[PDB]
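As structure tokens, one chain now follows by itself in the form solved without the partner chain.
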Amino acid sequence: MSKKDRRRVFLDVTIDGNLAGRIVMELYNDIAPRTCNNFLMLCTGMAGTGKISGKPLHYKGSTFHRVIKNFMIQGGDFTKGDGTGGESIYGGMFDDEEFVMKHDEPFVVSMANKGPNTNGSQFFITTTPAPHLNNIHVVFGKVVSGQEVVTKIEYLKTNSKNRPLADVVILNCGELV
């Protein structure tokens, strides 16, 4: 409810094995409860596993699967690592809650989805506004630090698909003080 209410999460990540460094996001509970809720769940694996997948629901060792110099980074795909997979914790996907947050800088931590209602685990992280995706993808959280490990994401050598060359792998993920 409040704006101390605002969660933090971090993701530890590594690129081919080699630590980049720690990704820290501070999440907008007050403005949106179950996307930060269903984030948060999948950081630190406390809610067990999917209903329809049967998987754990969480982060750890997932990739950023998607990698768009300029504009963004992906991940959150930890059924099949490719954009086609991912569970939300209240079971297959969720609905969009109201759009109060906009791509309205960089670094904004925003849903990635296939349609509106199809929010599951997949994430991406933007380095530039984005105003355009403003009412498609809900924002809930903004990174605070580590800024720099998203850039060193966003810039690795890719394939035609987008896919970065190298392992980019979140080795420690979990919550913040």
Second form
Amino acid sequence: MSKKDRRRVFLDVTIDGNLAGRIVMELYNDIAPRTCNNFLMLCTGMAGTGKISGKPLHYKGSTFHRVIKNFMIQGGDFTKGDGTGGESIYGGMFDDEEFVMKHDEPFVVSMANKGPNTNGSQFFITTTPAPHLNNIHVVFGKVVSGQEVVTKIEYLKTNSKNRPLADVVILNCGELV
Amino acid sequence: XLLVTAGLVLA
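Would you mind giving the form solved in complex with the partner chain, to go alongside the form solved without the partner chain above?
After this comes the whole thing, all chains and molecules, with the earlier chain placed first.
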């Protein structure tokens, strides 16, 4: 493994248009190379267009559509915006790499899915240990800066389906080379 | 409850 191979990405968020801060994450390409590559290519959007979706493979413009207090925030659905869409750069969904990293710490980044090998683009950031997710969800990165923006988003008022009343937008994203 | 899925959301 090489810590040198670990890349960095960011998510500039806005809540109802107001600047909320930047989230900087460290991806672990030395432990989840396939997964992390998906994430970074999605932040920079340099992977083109969805083979199935058709829409651009880019988190930019997508939202954080679901949030749970004392738990996590979820987003990355850039094709439906409701949690039923999203697509990886590899065309459609891709497989679960070795579940090496766990949700034994707060603020780790993980892949949201709908069962085995169903990784699309949707991901979540926890704000608490979520061991009941270990081995079921692939943990690829970790927040190293701006964990307060996550906390700010997590406690936003939501509707009955846990969607934030305000529009939480990833106004911009990319890599920190 | 506390799950993070894409499509079939549970409690």
